[PDB]
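A single protein chain has been omitted from the complex, and every remaining protein chain is retained in its original position.
Labels A and B are assigned to the chains in the order they are written; within every chain, residues are numbered from 1.
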Amino acid sequence: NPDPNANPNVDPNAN
Amino acid sequence: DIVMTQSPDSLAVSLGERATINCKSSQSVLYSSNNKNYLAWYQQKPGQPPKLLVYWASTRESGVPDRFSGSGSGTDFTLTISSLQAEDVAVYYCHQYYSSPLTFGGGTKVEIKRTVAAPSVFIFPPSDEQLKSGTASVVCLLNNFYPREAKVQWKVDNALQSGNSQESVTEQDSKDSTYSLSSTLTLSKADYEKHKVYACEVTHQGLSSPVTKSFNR
Partner (left out) sequence: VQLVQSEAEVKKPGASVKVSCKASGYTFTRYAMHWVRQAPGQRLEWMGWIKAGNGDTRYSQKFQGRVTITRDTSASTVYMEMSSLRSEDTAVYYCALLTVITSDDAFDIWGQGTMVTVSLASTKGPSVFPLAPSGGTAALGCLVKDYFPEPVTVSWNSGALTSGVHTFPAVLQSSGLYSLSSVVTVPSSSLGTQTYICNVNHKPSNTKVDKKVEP
């Protein structure tokens, strides 16, 4: 699965 | 790590044609839970930082021309420029933000094909300020030509020179898709004072015979 702390600027619950 | 592999390494098409860039990731960057691909495409021109084009593999960035489109999922991704424009000459990078470390592809260089354009040639004598220092630099300029292949030959008192000049060519122009070139011939001030005529002889596809620009010291 993706690591949300690879780039914290990416919010995976957003278009 | 996730290796990002692009193909082809370079592309050239005429203005208004379609350009396709492939990117393959060594691991899937699709998260099944949200159906999102953690992938982005960047554009970079010489001397400038990259600029974001596409994110989530297929969502265009704001302010980006709509001829730019991203597609693909999992490990296989495509950036499309539907109608290549003059300003689109650049290097393009895919990018993954699925896993640490963040990684980038090796880049695809996109070049424009256009009509032949013969150079406009100029020659510049050494400045009086430089000759004080003990050196003479003579500069020949080739302006806005296509294709990039051009030959510059220096002549001093009409004698062909060799081993005392250096040249460099620009990147492709983002407005007229041409190139320019600068050649510098470097002599001791003493040698420069030993001759009268300084010339650069230019041969290019746009010229049936060489063009010579010269001055007398």
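Simple rule for what comes next: a residue touches a chain if its C-beta (ideal position, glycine included) is under 8 Å from a C-beta of that chain, and two chains touch if they have at least 3 such contacts.
Visitor: Specify the residue from the set B:100, B:188, B:205 or B:214 that touches the hidden chain.
Guide: Hidden-chain contact among the options goes to B:100.
Visitor: Looking beyond the chains shown, say which of B:26, B:127, B:158 or B:205 touches the absent one.
Guide: B:127
Visitor: Check the options B:24, B:45 or B:51 and report the residue that touches the missing chain.
Guide: Selected residue, touching the omitted chain: B:51.
Visitor: Which candidate, B:141, B:187 or B:199, sits in contact with the chain we can't see?
Guide: Only one listed residue reaches the unshown chain, and that is B:141.
Visitor: Touching the hidden chain in the full complex, which residues of chain B are there? Just list them.
Guide: So the residues of chain B touching the unseen chain are 40, 48-52, 55-56, 59, 61-62, 93, 95, 97, 100-107, 120, 122, 124-127, 129-130, 133, 137, 139, 141, 143, 166-170, 180-182, 184, 186.
Visitor: In the full complex, which residues of chain A touch the absent chain?
Guide: 5, 7-11, 13-15
We adopt the following convention: only the chains that are shown with their structure count from here on.
Visitor: So, what's the distance in Å between the C-alpha centres of chain B and chain A?
Guide: Chain centroid spacing, chain A to chain B, equals 34 Å.
Visitor: Which of the residues in chain A come into contact with chain B in the complex?
Guide: Residues in contact with chain B: 1-3, 5-7, 10, 12-13, 15.
Visitor: Where on chain B does chain A make contact in their complex?
Guide: That would be residues 29, 31, 33-34, 36, 38, 56, 59, 97-102 of chain B.
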